[PDB]
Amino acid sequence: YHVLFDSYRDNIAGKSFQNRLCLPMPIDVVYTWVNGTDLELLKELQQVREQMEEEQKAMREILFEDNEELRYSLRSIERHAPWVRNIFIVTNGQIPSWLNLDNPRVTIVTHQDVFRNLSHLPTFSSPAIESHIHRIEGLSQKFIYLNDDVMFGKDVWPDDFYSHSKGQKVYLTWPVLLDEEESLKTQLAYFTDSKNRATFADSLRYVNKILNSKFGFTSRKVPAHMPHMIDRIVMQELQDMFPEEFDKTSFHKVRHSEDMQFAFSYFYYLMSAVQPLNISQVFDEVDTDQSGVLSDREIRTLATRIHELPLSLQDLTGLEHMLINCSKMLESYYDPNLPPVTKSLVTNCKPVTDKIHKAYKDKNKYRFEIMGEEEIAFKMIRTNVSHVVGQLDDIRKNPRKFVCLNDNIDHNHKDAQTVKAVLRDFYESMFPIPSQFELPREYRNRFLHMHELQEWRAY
């Protein structure tokens, strides 16, 4: 209504402060989903053949099952984060079977639009897709990146990702010829478990080395595995910031030890971005009259803010002498011979600008906030029924706003189906209600409810 619109201009100034009080909206969600269809594995095996023959030429020259985390993640988005405008899922050519494509708020974005060099679409590597979300048509300036296996809880709000006062919120964790032989080593670890999508520590070390070479030496931690808020403008600045470095990440059809991630690279560039000093900004903020001419009080506050306290009169006299020097080379003051101090006089006197730069050291271009792992759930699910049930009960007793469960099950064990059933039971317990993004389905499905009962009986 018009009353609501006019209520925001009812302050003393009479202006509007929507951009400072009502948080940055809209905010979108981006998912990276993949499926283990027969065509995907066939492309995988031919790519293995190509890489093997490439290595063969190199030393000749020298001479599966997914327990539906996307469904429950979308349910979590609907339940705890109902302020999301649009949800995007990036896939090669696969469309989720149970997603309701008729819903305008969910869209499948193929790799054709995501990638710009159409010769890299059969990439089959998560960092390559991670490097190019911000180029999606219709994406908001600020969006959250979801890794298809992280869920929400405790009614998460955008206040937990970005704040207008302290900037973005950064969550950190534990601190971080012959090349053909190294490439020969990389062909052994291709099938570890990570082609299930969405070799890691080495890449982190490479990014640390690059940032160290450009931003200087600093002890760096790694971001937590949790839904990350990404700014399109900042990410694009990072893209042009290392043009050829991002090419290598997109060029590789295998996640290589030499590439840069989505969170470590984006966040630490945000924390280390240096903005050049603006002399005009200094003059404007010091000049409270906005008249362009400084009085004795403005000169005094300049001297205090340039020099170091305590301020002796010699500092102010020297600053005045420096100011009168420049005028000869190029509302009454105490010193009769001191000319009017305008922006041009202070921005053209080289030693004065040098002292200003000495006082105004390099600031940070973007604000940021740092927090620990008191609100992030990262649990390890490895083939042990007792450990899994204990961890899930720990989740249940104390909910956290960011929940991650790595599904690297052995898949060849007597206690794999039971663990899968327990995980499905936990996911359905957290979020039973079907989401709006799900096609009408799951009729008379009756997933195994006795395996959970079986481990209850065993324990």
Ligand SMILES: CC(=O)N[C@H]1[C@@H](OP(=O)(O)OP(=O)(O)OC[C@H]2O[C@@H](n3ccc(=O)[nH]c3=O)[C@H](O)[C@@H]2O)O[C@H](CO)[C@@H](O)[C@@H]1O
Given for the second form:
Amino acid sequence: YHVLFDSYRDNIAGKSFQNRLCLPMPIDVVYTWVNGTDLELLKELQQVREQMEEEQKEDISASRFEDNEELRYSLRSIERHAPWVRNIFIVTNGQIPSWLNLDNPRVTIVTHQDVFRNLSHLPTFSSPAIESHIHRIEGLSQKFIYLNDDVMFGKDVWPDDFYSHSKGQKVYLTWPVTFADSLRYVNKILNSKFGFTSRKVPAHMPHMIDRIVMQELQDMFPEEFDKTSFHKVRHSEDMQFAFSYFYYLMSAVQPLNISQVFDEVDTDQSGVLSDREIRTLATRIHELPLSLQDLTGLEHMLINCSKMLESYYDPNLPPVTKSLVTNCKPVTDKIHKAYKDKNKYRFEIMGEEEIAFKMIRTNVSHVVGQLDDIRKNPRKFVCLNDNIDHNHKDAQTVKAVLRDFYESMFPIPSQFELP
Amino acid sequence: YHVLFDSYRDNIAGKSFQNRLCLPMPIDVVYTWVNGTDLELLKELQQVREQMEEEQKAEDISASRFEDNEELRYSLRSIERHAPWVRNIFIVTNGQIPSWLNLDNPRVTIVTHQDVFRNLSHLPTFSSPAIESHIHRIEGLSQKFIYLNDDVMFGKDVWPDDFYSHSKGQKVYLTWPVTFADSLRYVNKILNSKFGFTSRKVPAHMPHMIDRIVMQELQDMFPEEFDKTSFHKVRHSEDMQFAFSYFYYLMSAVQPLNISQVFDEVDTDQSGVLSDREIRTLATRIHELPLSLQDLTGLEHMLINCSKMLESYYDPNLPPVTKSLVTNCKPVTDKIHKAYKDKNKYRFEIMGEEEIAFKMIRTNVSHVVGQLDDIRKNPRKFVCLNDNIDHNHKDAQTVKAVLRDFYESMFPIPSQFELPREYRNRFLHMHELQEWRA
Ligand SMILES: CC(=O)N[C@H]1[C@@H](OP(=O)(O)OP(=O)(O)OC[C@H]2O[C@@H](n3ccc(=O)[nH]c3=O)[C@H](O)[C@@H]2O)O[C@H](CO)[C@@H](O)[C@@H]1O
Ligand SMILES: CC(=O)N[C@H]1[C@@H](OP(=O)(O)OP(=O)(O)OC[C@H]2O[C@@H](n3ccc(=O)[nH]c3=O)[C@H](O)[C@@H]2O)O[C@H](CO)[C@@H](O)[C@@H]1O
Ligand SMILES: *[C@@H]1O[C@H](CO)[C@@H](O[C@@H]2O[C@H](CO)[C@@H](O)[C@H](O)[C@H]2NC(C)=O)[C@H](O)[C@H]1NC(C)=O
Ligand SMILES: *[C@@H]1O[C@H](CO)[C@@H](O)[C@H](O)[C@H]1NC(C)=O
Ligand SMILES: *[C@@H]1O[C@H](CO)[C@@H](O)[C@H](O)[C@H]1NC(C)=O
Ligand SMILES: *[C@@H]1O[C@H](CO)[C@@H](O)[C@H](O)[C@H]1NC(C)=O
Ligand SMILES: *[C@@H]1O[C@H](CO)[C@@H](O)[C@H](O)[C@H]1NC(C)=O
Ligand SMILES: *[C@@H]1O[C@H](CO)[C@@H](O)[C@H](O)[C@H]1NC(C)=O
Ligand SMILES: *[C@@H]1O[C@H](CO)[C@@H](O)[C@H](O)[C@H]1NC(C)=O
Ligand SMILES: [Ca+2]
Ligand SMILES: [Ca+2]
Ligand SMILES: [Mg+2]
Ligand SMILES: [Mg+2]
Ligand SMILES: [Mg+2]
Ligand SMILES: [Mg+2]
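Alternate state requested, the form deposited with the named molecule bound (shown: the form solved without the named molecule):
Zooming out: every chain and molecule, the one shown earlier first.
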């Protein structure tokens, strides 16, 4: 209300910090949904025949394209635990769920036609290739949550669970470093670019993605992401969606700005460094404990720069202006050496305590046990990956168990369902 | 206006979640400040003379407990620079008024011990814990407020995210396991008696965010010893520490188990009757994994028996499992109590001491200079310079000068709460000002 709006300027500064107190909104959810239809196996079988026909002179296991009713219950989980989401985007080959309520303005189907920039990759059948273009959806919010169609919210989620203005995005990591091969390939690329370091793969969970950061990452590696889009099957040489994005967010650096250093040392907004400001600059430049020798050396460097181009204790010291510091080679050299490289983005490394990731390894008793483990300990993010044979007789029993578990957690039909 | 208001209703639910997204507002700052005036020194000598005659029948008074090292001025400057979101500032001054304070500013207010203590029988307080025991009683104070110690200040840049988050509650900054140490041990024994034995760590010397409701509940839970620490006229060995008690009440307040809530969180159908899937969820919650068929069968047998005493299930004789049937079923409720461990009433988030700068100013120039340089090299969110100066050594003046120079390097620009250097408050006490008005 008007009283609520004026309350933001009711502080000592007489200014509104609503953009700094209210979390980044609006936020959208993007899904990648694939189904094995009558016209999808036919196009799938065209590619598989030409894969092994040339190289001599497993990825495609039907668990990559099978519906276990996971999208419907993921949408129900969003409606139940994340009611703050604005719009839902479902990215498909043109397949539309038989139960999806297209008349609902909040949910839209986005075909690969509108997503891929170069349409010579339309028969995709590859999650990394589709995900590399997931940030190009028209009308997408700058902050959006990418859902993997197996992941869903289990307990309750708020934008604070992904992003904080103070510490930036939350990065949930797991065990260190086709999926493993792609992880190692991206790890080598990041070692070449940002330097050698140890990395840990992000958890299987809804990922918050910034469109600007993702676009900058893809501009930094145009050829790698073009190759990722080119492939029609998950390959060892494609950029993993979450690993590359999060370890670019955590590794991107910003060039040091001497003007910013001067402004943050010159605390009185005068443009000239006083004795105290020179002292704090010397402290930030040299290595503690500070001695009179270091301060005298800094004074000598400033005096020499002045000769070769308020009141002070040293009578020979000129007024230390921003120009005198920026145009001084040794002082700027010391600034560049002492100041460690700063990250362009803020991030907060988290743990996997609130993430329930489980693989459905076609065993009815074990599947029931792990679903019961989810039931007893409700976690914030739940992932149920498909490792079923889909030809075994137990496959239908496993699907029934999963459907019963889903119905137990989310029985109420969502607004995205045809009545 | 309306465009901004309609933004929060633009979601799948169609509701506004602004209260869950936009942090707790407003937030106020409370200061406790004391000056070594002649009038205060006269009352100080009365207590110490009576203090000596008490111990003869069978330091908490030293000047470092009361001396003004100009820390309040630079703390207000730090608030104006790094925490511009604060609404109002309250200073509890023992009736005094800082000479440089600009009382004409409507965002700074002097509150005296008269309006703070419950009864006026121990007004000559001279004890920080006693004054802190009534901080939450300030009229017009916001529900969540940050208590400033007049020598702690904001160092880098702070936001309400550094104190509170809706998802994870208040942030608790703990440093190391447990007169100040004696008070910590006393409160630790009290908490061991009340909430049970555990390992505890003292909160950091920093701006502490306090909720008025939580503090009032804590003081209602321990009325006798809070009144005891209230009526002490000197910092005492056995008194309730302000931050330790509040934070380990926030982290230890448990809430009694509610069977209706458990049923509602298991009955996801919102129908009032547990289905077979919901009964399996309840069995998983109660029993220890793996959930054998024997355990579920036993649960079903217990439900059937207790139904006999007073949507098609697998058991044809199993009645509809209603909420009333579960609440009136003694064995399943006992097993729920034995399985569901006690949940905390308040949500909190334990933090580290990485962004906290706490140092002891132990009247050595070569060491104070090094410590302040360490602050200069590595800015931190919260900086505390705790007074430990000898105050009779010749180096006290030089140490004060070094501290003032460090403060001026950090915050040179005068704040909005200061009078111009050519002006000064006419009266240094509230009662004199009231006499001047009337
Ligand atoms: C939560 C998480 O970290 N998920 C990652 C995981 O997925 P995972 O290994 O679980 O890959 P899935 O088989 O679940 O496929 C991932 C997603 O791609 C979709 N899909 C798949 C094939 C297809 O032709 N069309 C289509 O849209 C699925 O519907 C699903 O939404 O490893 C993949 C390969 O590194 C990544 O791409 C995924 O982001
Ligand atoms: C940041 C922090 O955790 N500080 C705690 C620390 O303070 P510490 O041991 O540093 O206590 P100080 O000497 O700084 O005094 C604390 C506060 O009380 C004020 N004061 C003191 C004496 C007096 O007669 N009037 C008056 O108003 C001071 O101005 C200051 O605001 O240990 C005390 C022991 O109980 C606690 O109470 C303080 O909360
Ligand atoms: C996913 O693909 C399957 C397989 O094509 C679809 O199931 C078909 O649905 C149509 C329309 O109702 C029926 O006429 C066919 O008999 C079904 N085929 C099979 C093999 O079951 C299904 O509708 C697609 N969509 C979803 C959301 O699962
Ligand atoms: C699209 O990709 C194909 C891959 O063969 C390439 O030949 C073509 O040039 C690309 N199109 C554009 C417009 O870059
Ligand atoms: C299925 O899991 C159970 C334990 O739940 C195990 O004993 C059994 O051997 C598994 N069956 C197969 C075929 O691997
Ligand atoms: C503290 O009290 C002394 C005692 O005379 C007085 O001179 C001084 O102005 C007071 N200080 C402040 C900061 O108000
Ligand atoms: C002041 O405090 C208590 C209540 O907190 C009151 O009953 C008591 O009489 C007063 N103290 C003394 C010493 O009379
Ligand atoms: C349990 O929670 C419900 C929520 O509606 C509340 O009405 C009820 O009083 C609670 N039961 C108790 C406190 O015994
Ligand atoms: C102050 O510390 C220095 C070393 O930092 C030491 O040499 C000196 O003796 C100390 N002075 C006192 C009075 O303790
Ligand atoms: Ca200056
Ligand atoms: Ca039910
Ligand atoms: Mg799948
Ligand atoms: Mg998956
Ligand atoms: Mg003090
Ligand atoms: Mg102190």
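If you superpose the two forms and keep the largest set of C-alpha atoms that fall within 1.5 Å, you have the rigid core. Residue numbers count along the first chain shown, from 1.
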query: Sole member of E40, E69, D415, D28 with a C-alpha shift of at least 2 Å between the two forms (core-superposed); finding: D415
query: Rigid-core frame, C-alpha of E428, shift of 2 angstroms or more between the two forms; finding: no
query: Cα displacement of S250 between the two forms, once the rigid core is superposed (Å); finding: 0.5
